[PDB]
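A single chain comes next, written as structure tokens; it is the form solved without this ligand.
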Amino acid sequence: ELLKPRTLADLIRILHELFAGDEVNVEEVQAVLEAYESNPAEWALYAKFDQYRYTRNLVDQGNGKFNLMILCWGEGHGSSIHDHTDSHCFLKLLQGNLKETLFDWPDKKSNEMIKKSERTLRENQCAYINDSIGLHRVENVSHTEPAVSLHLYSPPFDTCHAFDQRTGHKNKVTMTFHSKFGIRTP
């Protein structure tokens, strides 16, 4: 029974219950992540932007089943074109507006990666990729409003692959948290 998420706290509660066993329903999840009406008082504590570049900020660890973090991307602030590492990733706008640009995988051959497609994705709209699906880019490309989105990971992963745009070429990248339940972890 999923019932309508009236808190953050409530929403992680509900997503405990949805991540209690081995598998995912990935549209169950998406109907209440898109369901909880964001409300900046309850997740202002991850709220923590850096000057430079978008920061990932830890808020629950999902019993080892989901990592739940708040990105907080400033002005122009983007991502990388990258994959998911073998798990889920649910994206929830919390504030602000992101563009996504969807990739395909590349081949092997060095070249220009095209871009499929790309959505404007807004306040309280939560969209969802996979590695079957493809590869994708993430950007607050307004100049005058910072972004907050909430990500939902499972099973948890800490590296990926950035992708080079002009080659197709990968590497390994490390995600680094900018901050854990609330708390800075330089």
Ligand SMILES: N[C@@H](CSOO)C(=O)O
Contents of the next structure:
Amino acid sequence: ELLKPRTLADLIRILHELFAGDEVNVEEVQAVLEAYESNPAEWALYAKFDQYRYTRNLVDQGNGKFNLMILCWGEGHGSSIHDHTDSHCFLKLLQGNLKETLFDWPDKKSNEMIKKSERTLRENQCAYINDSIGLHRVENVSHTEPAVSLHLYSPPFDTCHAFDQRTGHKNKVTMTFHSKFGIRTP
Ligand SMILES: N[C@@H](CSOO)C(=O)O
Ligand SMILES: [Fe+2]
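Right, the form solved without this ligand is done, so what does the form deposited with this ligand bound look like?
Let us now look at the entire complex, which starts with that chain.
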């Protein structure tokens, strides 16, 4: 039975229940994420920005079935085109706006990766991606407003691939946490 999360802490509690088993009800998880009304005081601890690129800040380790993290995107900061390592990946905006651009998996032949579509993700909205849907790039295109998002990945993963937009060629990248549980982890 899905109830509205009252706070971030409550959201976390609910996620532990939703991931208590071996499978994932994606629509239920997306609904609970969307229903949490972003309260900046509750996540300020995790919102650690870097001037030069976006940061990944671990919030909860999900007793193994998922990682929950907060990403902080300076003006103009964005990601590579990337996959999600056979995991579910949910992305809920906590502050600002992000542009998500979707791409198809490249063919083995070198070619420009053309965007299949794009959308603007707005405050409190929760998006979902997985490898079966495709690849994406996420960017804060604002010149004036930092963005903050909440991401949930299941199973957790710390490697993915970045794709070169001109060729489709991929490279394996290891993701790192800028902080964990509010603590900077250089
Ligand atoms: N997958 C990217 C963020 S865009 O993913 O919802 C990352 O975790 O760094
Ligand atoms: Fe992503």
